[PDB]
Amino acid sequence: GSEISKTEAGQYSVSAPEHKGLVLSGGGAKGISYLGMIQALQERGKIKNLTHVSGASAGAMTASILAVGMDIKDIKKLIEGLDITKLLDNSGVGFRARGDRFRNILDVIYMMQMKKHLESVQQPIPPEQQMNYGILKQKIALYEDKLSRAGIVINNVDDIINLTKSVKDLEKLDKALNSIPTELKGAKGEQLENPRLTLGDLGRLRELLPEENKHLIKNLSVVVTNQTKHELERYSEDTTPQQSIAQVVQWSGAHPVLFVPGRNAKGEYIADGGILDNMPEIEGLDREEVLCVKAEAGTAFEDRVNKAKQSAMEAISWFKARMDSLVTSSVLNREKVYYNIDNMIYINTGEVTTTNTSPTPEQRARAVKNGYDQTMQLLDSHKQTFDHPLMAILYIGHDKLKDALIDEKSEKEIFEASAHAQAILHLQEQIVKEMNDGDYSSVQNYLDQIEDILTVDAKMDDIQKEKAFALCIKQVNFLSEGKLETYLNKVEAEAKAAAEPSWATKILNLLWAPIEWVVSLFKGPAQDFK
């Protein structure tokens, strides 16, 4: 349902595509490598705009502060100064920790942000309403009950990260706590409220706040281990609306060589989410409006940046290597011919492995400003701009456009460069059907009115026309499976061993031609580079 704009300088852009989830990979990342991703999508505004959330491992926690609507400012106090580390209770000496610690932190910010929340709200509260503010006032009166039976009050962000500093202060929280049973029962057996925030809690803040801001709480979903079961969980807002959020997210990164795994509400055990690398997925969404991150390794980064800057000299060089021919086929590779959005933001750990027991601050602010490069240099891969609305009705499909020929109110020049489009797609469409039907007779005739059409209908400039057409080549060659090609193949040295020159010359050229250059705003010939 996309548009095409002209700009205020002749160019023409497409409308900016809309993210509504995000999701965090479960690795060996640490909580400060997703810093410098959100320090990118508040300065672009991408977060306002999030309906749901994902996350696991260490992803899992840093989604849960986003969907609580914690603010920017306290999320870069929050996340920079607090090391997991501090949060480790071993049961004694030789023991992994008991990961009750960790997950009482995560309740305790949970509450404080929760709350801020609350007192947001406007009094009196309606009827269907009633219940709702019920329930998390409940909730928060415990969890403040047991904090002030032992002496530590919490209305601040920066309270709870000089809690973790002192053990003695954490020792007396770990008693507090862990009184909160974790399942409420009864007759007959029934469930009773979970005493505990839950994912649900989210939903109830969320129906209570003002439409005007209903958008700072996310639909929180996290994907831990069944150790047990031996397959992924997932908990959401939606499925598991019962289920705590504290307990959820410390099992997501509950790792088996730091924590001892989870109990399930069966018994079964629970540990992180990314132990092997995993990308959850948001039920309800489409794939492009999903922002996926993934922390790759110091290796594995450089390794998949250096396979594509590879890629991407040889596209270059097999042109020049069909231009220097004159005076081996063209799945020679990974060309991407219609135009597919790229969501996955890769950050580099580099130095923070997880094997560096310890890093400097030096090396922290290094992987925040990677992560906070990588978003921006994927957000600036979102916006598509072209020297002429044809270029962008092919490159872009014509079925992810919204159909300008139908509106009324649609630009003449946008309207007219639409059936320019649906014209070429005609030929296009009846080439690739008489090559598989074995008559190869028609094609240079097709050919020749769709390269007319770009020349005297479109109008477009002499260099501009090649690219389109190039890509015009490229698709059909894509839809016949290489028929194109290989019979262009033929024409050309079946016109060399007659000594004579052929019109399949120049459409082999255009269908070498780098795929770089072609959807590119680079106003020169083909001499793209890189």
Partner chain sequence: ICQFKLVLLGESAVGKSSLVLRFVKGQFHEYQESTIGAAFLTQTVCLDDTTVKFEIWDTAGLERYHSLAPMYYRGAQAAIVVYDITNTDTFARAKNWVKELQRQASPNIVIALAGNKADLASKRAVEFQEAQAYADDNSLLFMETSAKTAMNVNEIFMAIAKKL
Given for the second form:
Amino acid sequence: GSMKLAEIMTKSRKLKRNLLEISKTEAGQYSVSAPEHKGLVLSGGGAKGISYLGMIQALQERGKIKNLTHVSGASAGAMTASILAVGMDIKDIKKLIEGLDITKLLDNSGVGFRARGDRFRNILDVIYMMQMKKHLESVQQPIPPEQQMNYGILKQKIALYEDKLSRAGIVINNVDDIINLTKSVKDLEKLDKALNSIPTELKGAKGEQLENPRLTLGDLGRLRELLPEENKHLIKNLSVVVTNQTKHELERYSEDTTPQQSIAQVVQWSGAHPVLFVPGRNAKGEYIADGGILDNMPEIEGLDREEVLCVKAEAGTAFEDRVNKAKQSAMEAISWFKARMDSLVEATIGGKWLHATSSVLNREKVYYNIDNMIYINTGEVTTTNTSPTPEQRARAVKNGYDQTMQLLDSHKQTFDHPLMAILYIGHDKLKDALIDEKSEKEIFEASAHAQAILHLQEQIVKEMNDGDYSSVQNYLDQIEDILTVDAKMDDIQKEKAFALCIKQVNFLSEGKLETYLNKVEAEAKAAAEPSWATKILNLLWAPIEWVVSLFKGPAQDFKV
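What does the same protein look like in the form solved without its partner chain, given that the last one was the form solved in complex with its partner chain?
Lone chain follows.
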């Protein structure tokens, strides 16, 4: 990860990041997996946050959560995000999301038929308190360095909260206590009166700013520090996006920038949708609203796209399943290969036809790429919600669960021959790869050839752009020679790799190669003679899924 400040230098000196993970299977193969996921971004969308439950379950089962360091979100995303961040556990997170009387979450204390937002913010505080209190007690006896000052502040805040709730006759020791509280409206009113009594800010003698009475973003840091090493991961670094109505742009609140901001206050603001709530208002007097109504979620600063999962839920069924989108493309790819093959009589000998363009397939992934975008169809669950249809809910949930699983699966790819893996990744992204031990040997032997090949690919492009095609064939034959002799690849493997290389050159040249090939074949047809170009083209149209598969059969027999 690189901070935007590093871009201010005249001569940047790229640091080493990790975007890939090459490993060697017990099977003896090589697998290209994405790097461990560090950040999670939950896009806004209103009450479609019931789905996030499914998405979390997926990450849970797959053990992806534990290695998260950052969590950012807006609207429903923001809440979910904060519950994750505050180190709550799935069991309870699940119990919360599905169990909160969001219907009674919308106070009437508002005006003009809109909630004031104070109640929602109050339930959040009760939650953060309850969960942070449990962690606070997970700390050991010592408590030495400035960890004595932090421990005190937290202990005191939790103290303040309880004194206020006790007097109110409210007692919360766990998730259920909270959920039950939301069901009683008389109790909810006691909550508001109780917690609303706590001031927004506290200034001192000379009007200096004092510690926020409420649990803040910064307290998450205070808590993380105090905890034992093996438990520090439980608490995440939370970012909350919001729309600053006054400045009319989004504003992000986080533990590293606005550590003195109330967790509950920010999350409530992030969900202060203009349709359901009256705008919020910060200390500066600027008006705040739902973080998802003006623009999309900004990325987490210190991380790389490759390390961050972005979940974005939307109403209706605008999006299509991932697996059914893969097989739809795969089928089209195979269809195109067939189209090229079945057209050989007209293409080479004679007939009335005209070839299409790889441009009707330029939506082909020629290099390894990680897609970290999780799209979820929420169905009939839109921003405005009053319908907890036992169905529409269970559908949106598992619908979100499946999506996380699908995208999570599209990450790992497995190749048979290390040269293949490396050629797909590209010598470029090879340096930003986290290579394994058992792999290092063959990988670097293979990268040597990969470089020799790359140089040739590059040269072909270079020479064509200068309008010199005299050596295109020769260079191509050379690349094949390297794959056969130097790399020693089976006939099938070689065929697949060479196919890939041909494709990558076409890409790098922006179809300048394919045009040449087609022209050569065409002239050859006119001369009533064969052409070396035909073989290369048949390889160009090979189906990419095959090129990457471990089929062990030629493109022709690839079914799927």
